[PDB]
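Q: Given next are the chains, with one letter for each unit.
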Amino acid sequence: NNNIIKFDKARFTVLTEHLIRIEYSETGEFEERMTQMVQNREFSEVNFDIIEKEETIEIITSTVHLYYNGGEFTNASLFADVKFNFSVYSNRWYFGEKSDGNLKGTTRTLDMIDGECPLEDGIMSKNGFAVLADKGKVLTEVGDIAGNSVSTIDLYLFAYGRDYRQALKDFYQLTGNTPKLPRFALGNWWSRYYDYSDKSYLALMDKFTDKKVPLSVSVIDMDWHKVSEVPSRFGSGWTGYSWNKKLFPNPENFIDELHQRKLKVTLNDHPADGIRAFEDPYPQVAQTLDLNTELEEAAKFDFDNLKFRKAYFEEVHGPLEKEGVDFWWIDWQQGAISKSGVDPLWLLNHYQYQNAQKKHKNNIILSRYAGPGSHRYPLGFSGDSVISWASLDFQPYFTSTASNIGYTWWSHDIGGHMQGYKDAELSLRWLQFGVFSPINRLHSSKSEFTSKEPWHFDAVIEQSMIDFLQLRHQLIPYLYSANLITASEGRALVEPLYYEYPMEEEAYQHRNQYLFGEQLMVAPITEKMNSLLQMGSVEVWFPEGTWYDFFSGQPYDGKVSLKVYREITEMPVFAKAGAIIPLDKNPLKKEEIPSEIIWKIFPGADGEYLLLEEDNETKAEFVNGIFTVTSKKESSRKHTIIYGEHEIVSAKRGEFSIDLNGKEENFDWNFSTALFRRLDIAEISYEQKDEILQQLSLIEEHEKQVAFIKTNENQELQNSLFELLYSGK
Amino acid sequence: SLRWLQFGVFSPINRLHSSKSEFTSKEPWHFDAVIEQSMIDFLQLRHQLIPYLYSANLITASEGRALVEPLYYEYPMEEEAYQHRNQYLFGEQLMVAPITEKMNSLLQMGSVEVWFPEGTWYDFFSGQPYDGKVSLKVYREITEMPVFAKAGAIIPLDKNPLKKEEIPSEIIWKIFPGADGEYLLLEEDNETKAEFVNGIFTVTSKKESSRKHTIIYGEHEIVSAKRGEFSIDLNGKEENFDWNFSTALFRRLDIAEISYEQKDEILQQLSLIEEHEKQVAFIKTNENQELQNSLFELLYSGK
Amino acid sequence: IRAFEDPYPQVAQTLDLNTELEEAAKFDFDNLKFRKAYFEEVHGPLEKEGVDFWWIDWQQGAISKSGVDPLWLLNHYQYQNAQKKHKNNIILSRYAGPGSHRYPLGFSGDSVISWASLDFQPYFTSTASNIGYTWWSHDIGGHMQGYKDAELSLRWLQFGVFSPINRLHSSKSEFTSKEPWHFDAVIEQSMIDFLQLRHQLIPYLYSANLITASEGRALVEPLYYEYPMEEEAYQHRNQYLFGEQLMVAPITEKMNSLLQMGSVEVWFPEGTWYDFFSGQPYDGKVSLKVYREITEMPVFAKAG
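The listed protein sequences correspond, in order, to chains A, A' and A''. A prime marks a further copy of an entry chain.
Residue numbers for the first sequence follow the deposited numbering, beginning at 11 and rising by one.
Residue numbers for the second sequence follow the deposited numbering, beginning at 437 and rising by one.
Residue numbers for the third sequence follow the deposited numbering, beginning at 285 and rising by one.
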């Protein structure tokens, strides 16, 4: 290509104006094969300039000067200046050195993490550049490990400035797009490390139905297989591939019952102790792998070994798949050691994801993060988080930041995995976040005390959990459409604020705040409520424009940073004037695609929404007060229209256009009602409640209502009252 | 000592006195150069106020009106007039809210919650404006005292407080713009009426004298040392005081014993953010609660 | 020297740069031609306009192709170049390792404005004599960030007056000027008094300077240079000899508001000592806490 330049023992490939591959080869041969990370180096031709001398080369694009002075790559011989002024003297990359500015990415797991842990770098930087080292093995054409690259140094310099979305799109072009998820992945999952029987698991699935909680996925954790029944001469029962016949006497019939309830079924797989001589598949595996059965030779876990992988997929998983297991939960915690030097977690996710496509279209796994490019193998499984306010407070930041290395389908144990402390409000706050996260999978530890069942809790917590779990299914149309946008356009469902607002300092100062698809902005509450107010709070940054609480219609004039207060049953989620959000009208109804969609419109601006589905595209447009719905293909689907407060049209078939210029724009939300409710629940003096209600009702001028609350001795009560006055301004 | 002298100057009688200690002299030069200058300034102000005090004295003797009134004399039906115990009317034209608490060292300012009755009020010293009716915490450096006058207030001042003379040879008429007003200066041997009506300021007296009148309209000295009766039209003249948000903001941030990064962010954000409601939202997020109240006072006066 | 700069056309001609691709003359103090163009064609024109000496403010790391720290290359070559235009000329730059005392003055840089920073700085300054680096210039009052406290500013200036170099400097803040009249009348007068004292001390300082150059004696010595066998000479970290006739114990802690005085524990060696300012006498040998108003500094001289 004209986009390739060789100099001394180095090779430079200008992939985009903002992305340069940098290689070193001792042997004069450079690597064309794919790697664990890189799937594609075919990019459209771009313009750049070169200054090539006897001893030095300079490559010049719109955004970077890359310099190479010959010899081995050192911090002195290989370095780059960006053509940006985001910093005073952090604008230079030096080979092998770290600079300030990296917005971070993700890490393997939250196992044993109570609150924060360190993250790896991503490709996004406030200073406009990042280097992504390719240290992986080469692949063959069909995707097996081929050994060591002949490019013994192979780097990708990203110099996208603060065009983070383009950086991520081009990262997906280099490393491969995220595959499409199946719609079932986006519903509620039930999971618990608990020794259910077939009977008690079905009873619980039937109780969810009776309780009006919709589920898409039934997880069965490790007590599906033998555990205490494993003789100790074999080691533990952590790894298992044999049903516990007491609990599951007829596994296929049990899985058939979950399938009749329209559930997908996954089993926990702890692979590290392989297939030992007590296991039901051991005689077949022993025959295939020529094991010494009289010395009970184990088929040890070895995902570098083609014959082992084949026996694992065909003879260990295969029989369980025939019984109706839909996909695999790979729960790998036993380290990064293999003879090849490839992390066994990477070998599991890569080969198991590929194997899962044989039985079902667009199938998934559930496994931990295996490094850059491992987004090709959804879903992410963060693991054994400690049950704490601190863990919840980290998790939104964790989730949105992961988009910076393209890993956009994290599934967290909703409510936390293990250890930690009981607090029903923590459980409820965690579920609110989970509903507005990539995947909503309830899971817990082996404790008798950690079930995430809503009815574990009091009547208030129970009803709120059921409400949010129903909301998750209402959101599946929006989630599935965003999923197809991830797969086709390389846009994350969960974005940090700085993707949309890269030049706004406040977009970097609200770590737990994020965009959720294109129409919603979420600010989860991740701190225990103030008992004096009976409300939790978070500081929300409202960008320029008019924003509405998604639930209440409470309005906010951006741009402003404002502390917002919500009761434990309520979550801060916001939509702009002109937002159009589809919702399943029948979230409890078992059906492949919604028979009815609610179009929820926020007045005050034009807008539009494209609902992508398996077999259709439906465009909702709101222009000069006219709402129009059209689709590629016709269907019997019935559309409901909600304009602000009011249901305008109920269950109307086919394409149509309705004029909403006539209709009531304003939500009911009003200062006086909200004021009365905040004062009423507060655990403060009745004399203070009486004085605040009286004075805020009597005082007419907005500035004097604010002066009145400014004298209040309760500082947090001032901030709560200020939120209502700001919304009522 | 300095706060006490500020109160004393706006009290019925200003008598410095102390115990038999070697350490309790009320001499201004007992103290450091800052305290000394402020004490001298307030002690000079007391003599500037003698014309106003002597006139109120004759009103006590003849009409049975106190020089110092609780707020509830003027505002008997306002609950807030019973909730500001140290706040008072001082004659008919001034409202005083002495600071009687040690300064907050983080702000380098003391404070008191002031109730502003209905109407437009001005700091007597600075011209900082306040829209009543409101209860508002006000902050002052140790050298400054909260004293307020309504639009239309007319306060006479001795122009020569150090000059030993039985009656002032020169009076300053200090006028607060925005309303009509009047003031009757009662003296041993004279009555002098100052009237401010539809922007016309008039001075007349029972008896003639060689007294020279100076007129200060808001900020500006309009007429210097003019003899006898007269009338001058101030509709032409600049109504507004110099007091401005930006200057006062810079001064409060500059003296505060807070982080320079906080000072820089507040100055930048309050200068950039245009909408009053969003300037108030910005200060509402400040972690320093008393700094919020100080910044709120300036934003309220600048509204 | 990048393509927008006033000297770039001359530097581009000297270094054979590609001006139509706006090739920068990148910083490269290993390169003889770069150094020559930097001194003659970049600094030279500014020197002709009357610039007397160079403040090298290098913060961009220790990387060069040679393995020599670019800060060392700057101090070594710029000090040598500064002698061409003026006799006994200086630079102002950070410490570049042992031997870099040959290139005065030291420039310590971007200290945080705090009592903690001031409390470190006397110990920092006297201890530097132990590697022969005896001309540290600190940003007097602190450089950046930190907190406002007029008394910290005044204490810092008192130290600076009794330090190798008294250079007032500050951050880009609207709130960090070291002008004395930034402060109240008490702080202002005391700062003016100490700034006048610095000029009163120039004869003593210049004489000590010639003693550094000719006899290898530091202006600022730790107590243990004079009193190596006295345990207390190792236990008063901020106390130092200042030339041969003065012993300084700066106050580097906020005053006790009950006393309206700051304090420091002073070790008085054997002999009769006098406060330099007041004449208050002290009989050594003794360790004694001394108290001073914010406007006063503990500085002592022996009988004789």
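Because the hints were derived from the structure by calculation, they are not lab data.
Please note: incorrect hints may appear among the correct ones.
To be verified - Simulated pairs of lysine-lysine, DSBU-like, Cα-Cα distance not exceeding 30 Å:
| hint | chain 1 | residue 1 | chain 2 | residue 2 |
| --- | --- | --- | --- | --- |
| 1 | A' | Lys673 | A | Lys569 |
| 2 | A | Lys147 | A | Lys369 |
| 3 | A'' | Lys332 | A | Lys19 |
To be verified - Residues from chain A'' that keep clear of chain A, each with C-beta distances beyond 10 Å, as calculated:
| hint | residue |
| --- | --- |
| 4 | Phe408 |
| 5 | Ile415 |
| 6 | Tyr511 |
All C-beta atoms in this analysis are idealised placements derived from N, C-alpha and C, irrespective of residue type, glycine included.
Q: Which earlier hints can't be squared with this structure?
A: 1 and 3
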